[PDB]
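Single chain ahead, written as structure tokens, the form deposited without its partner chain.
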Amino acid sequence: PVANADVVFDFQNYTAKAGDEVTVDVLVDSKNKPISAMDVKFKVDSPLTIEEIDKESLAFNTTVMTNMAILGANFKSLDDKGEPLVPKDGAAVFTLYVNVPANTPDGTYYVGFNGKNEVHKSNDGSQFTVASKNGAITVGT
């Protein structure tokens, strides 16, 4: 089935052996609509962990503020005249570095949002609706 939203994130799908790192490149489709800010939290299924959140958003060429205690990230995405940016088609909006422990069983482990995925339209609190797809990390095939 399908969920429609104004903005859809694509976590993509990955493979790993136990002991690997997995670089998760989160893509975004806003139907070419501009975005003023994001404020999000991430998770991955145990026993995998998110070991680092990249401090750059390539889709917006902007610095990402990060917090590893809560696995949170946020940024503003304005041009030099203070207007919202259209994300760059093809470019990662977030990059996550995931650890797959040496003893991870074969299986499918998902990466995604942890209950916060705010995508702002302007400076007044208004938000786009958001949905997510993919995010499977398949360990051991």
Second form
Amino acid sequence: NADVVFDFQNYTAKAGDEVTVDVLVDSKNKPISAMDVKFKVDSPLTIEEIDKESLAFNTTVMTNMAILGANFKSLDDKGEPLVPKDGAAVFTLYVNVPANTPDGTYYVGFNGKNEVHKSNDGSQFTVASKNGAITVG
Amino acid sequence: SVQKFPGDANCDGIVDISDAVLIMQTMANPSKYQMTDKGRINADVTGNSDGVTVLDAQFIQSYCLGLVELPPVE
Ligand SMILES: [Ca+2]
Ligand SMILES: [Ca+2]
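Coords for the form solved in complex with its partner chain, given the form deposited without its partner chain:
Below, the chain from earlier opens the complete complex, with every other chain and molecule after it.
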């Protein structure tokens, strides 16, 4: 069973809407030192922007929109890895639903990179994800 | 001489965001967190051999995102 589980949450939209996706995490109150991830969404939806703040960790997220990549370090003022703030977005994504999107369910999630680091030595947690359904009607 | 491995602050044989974490920690609490002599050499990746600062940690983050290249091995 995964050490930490991301909840992309579920959303409803109509064609033409922007959806704000708040990605939550449950680490079972374990601390996390850093994340380095990539995102995707089912076509024809697009991720238009990755927010540069992580509310769960009160830190700046570095992004590369060309690969939908994002990373950060999550340490307190003495360098200790942080427990994520319960209920707070770890990442926020802004998703565009084009005007001509057919009715359907379109998933947002990770795209083959989802690193969650434990410490300072390369050790990582195992990771799972759930939800991320954007139901367009 | 032993060839350096630019980016590999923690000397685990790969460059990834844990290297940025170690850099930050060594400045936040030097009593608790240190780099080895090799790690410190490895960690200075930008700034023209100015020493290790937060900009080195950020450069490793950029590298993990595909935005920059690490400096030459010596
Ligand atoms: Ca390393
Ligand atoms: Ca430097």
